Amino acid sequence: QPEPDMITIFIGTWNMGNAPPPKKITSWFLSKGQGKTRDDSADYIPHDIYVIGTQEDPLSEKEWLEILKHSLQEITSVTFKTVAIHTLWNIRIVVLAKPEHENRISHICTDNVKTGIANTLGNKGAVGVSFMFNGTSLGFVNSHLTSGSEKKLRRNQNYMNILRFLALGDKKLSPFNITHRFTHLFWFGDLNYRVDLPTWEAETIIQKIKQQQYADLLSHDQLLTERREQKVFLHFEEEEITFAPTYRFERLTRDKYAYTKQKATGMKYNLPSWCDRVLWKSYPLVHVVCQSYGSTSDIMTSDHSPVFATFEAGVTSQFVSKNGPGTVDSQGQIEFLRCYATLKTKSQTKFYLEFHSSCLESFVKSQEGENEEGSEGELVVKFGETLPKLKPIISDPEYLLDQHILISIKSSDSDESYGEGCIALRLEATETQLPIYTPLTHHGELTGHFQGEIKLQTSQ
């Protein structure tokens, strides 16, 4: 039985509005309703992995697991295995996988982050799951961010706290936050970003939604605008939105948006908004294709509609050679030429690099670089031809060209990372000097750039 080189992943996010679901929710898992929907001809084909995020979930873990598993069994005739379930307050993530994947999945991690302080600590935050699927690391974050049209900055702060403090994936990757630890990272939830138009325009907005004319609404979506200004979700992708706003509906119909201020809303307007979202970030030159992104039309227990997204995601096998794992393979090497880091920092310490990759027996520290002044005020750290030669565990190009090197640039004085990035080994050529490039981030904010050349030797 061959190991897969592709799997399909279902991502669901639903704010349940503290109400039990209806008896049938299969349309959610089938990607049926509005937006980019799944072909009918696929309905019996199970996804490999289903990741379900809920917010304002009133059910016990047991109650929801019974509904989920029984739903997927009705659709696919497959009894899914529970990979992980984690709940913080009313925020929950469930990971289910086809039974054939049970012995491909390992290193399962769960964590949560509570956002805010005092007043603002008590119901918002995130839950997450990570695991290895054969040679591929997968991370999943379900977040319920701060509500309210005038709190986009709070939401951006909630995002930064979640990506700093959520402890998933390989702890040996100590300089790297979740935005660098996974081949594929999926971040979804009730992110609570709103359509930022005047309150007086409520009925106009509703009109536009009834005509399926979303362009003038999406141009005011706070998540799109904040992402465009690099305030949040830097280097993440989102599929084009082609479904109606998923909040705020009158319960038990989808015919009505309930936007007017009420005691129950703290006297806040809830203009129709795309609160409920799915974004991803994959390592460079890994296959990832969004095959659905939409909302259901027939699940009306909540003031939110469920959102679905599905993905084709490239995976690799758990590779064994005569040599590595357990030793190096001297027919392989990774060389770096003419490399330099450009940093935004106003500080003056020496810097060194750390290289981390599962293709190495352990991480590698460089010598310190040479600081120079850039012509526009910047710090340029020159490594020239001084970087160590990296010794991969396996030299076979079928393995090595699928790997990635994580780079941290660290202060000699503090050993704190000033920037993190990733380089793909999926090169156009081996034994050839080729340009490489990654942006550098720290706490998910842009802090600089790393560029230079690479020379990769494989056994072929």
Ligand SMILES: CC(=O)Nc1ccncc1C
The other form holds:
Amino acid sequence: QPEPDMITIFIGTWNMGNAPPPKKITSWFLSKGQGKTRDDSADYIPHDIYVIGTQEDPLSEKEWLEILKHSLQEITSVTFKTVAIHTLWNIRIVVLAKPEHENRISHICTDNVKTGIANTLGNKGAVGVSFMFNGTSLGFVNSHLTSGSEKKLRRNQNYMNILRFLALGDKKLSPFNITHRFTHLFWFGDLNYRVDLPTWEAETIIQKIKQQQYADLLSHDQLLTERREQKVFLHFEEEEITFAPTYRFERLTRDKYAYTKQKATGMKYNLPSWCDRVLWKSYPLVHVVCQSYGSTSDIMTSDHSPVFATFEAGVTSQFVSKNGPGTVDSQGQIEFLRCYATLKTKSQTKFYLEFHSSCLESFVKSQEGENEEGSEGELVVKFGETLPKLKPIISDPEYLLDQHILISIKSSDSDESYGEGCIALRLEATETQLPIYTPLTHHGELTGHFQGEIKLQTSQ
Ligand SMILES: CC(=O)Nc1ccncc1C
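Since the structure above is the form deposited without the ligand, I would like to see how the form solved in complex with the ligand looks, so please show that one next.
Now the full complex is given, and it begins with the chain already shown.
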């Protein structure tokens, strides 16, 4: 039974509008409807992992699990295993996997974050799940962010609170938030970003949707515009949107957008919007390909339509050598030349680096760097040829070239991280000096850069 090199992952997000689902929801799991849809020839082929995020979910965990599992069994004739389920209020995440994967999946974590204070604490936030699939770490976040067209800044703040405070993955990676803990991170939900056009343009927008002409709407989508301005979701990818806005529909049809202000909306307009989204972030030079991204047309219980996305994702095996795990492999080493951090900080403390990777027995602290002033005001922290030589547990290039080094630059004064990034060991050559680079972030905002050269020695 060979271990897989690649799996497929289904991501679903649905704001159920506090209504039970209809009797058949199979179109969701088949990626059928509008947008980038899955080929009919794949209908009976199960995805390896199904991750279902709901918002405004009125069902008990048991009720929803029975619907999901019976849906997948009808499609695939496979009885899926429940990996995890976690609910905060009416925000839920379910992870299901093919039974063959049960003994490939370990280190399952769940968490939630509640967003806002007082007034604004009580129904918005996120749930998430992480686990290891053989040698690959996977994270999944379902968030229901603040509603309303004039609250994009609140949504961005909700995003920053969720990635700071959601405690998933390896707790030993203490300087790193969820945006650095996983080989593949999927972030989805009712993110509630709107099409920011004048209220008076509602019927014009509906016309454009009927013509399947999305370009002049997407140019005003708040998630795309905020992400282009580095206000939210920095370093996350999204597949091009080619499906109609998924909100706000009259229930029991899809023929009508319900946009006008009502007492039930707090006298707010809900112009047609792409509230319901799937984004991802994978470590550099790991295979990840979006195969589908769309919405269903035939599930009409809610004022939102379900959204699906599917991915091919590279995975690695749980590697054992004669040496590591349990010792180092002296045939392996990672060296750093001409390295320096450029930081945006106005502060003047000394900095050191920490190197974290599951290819090391434990994280490695460098000596302090030498601070200089950049020509445009910046702090440059020079490590020159001073960084430690990293001793991987396994030297086999089929293992080592698939690994990644997380880097934190920390203040000597406070031991607080000022920036985090990631370097792939998937190099063009071994025993050769090659440029490396990562942006540095802190709380998912850009704080600087790390660049230099690497020299990787493997057993080959
Ligand atoms: C066009 C655009 O917004 N790109 C982007 C922004 C932030 N982070 C990642 C990406 C790929």
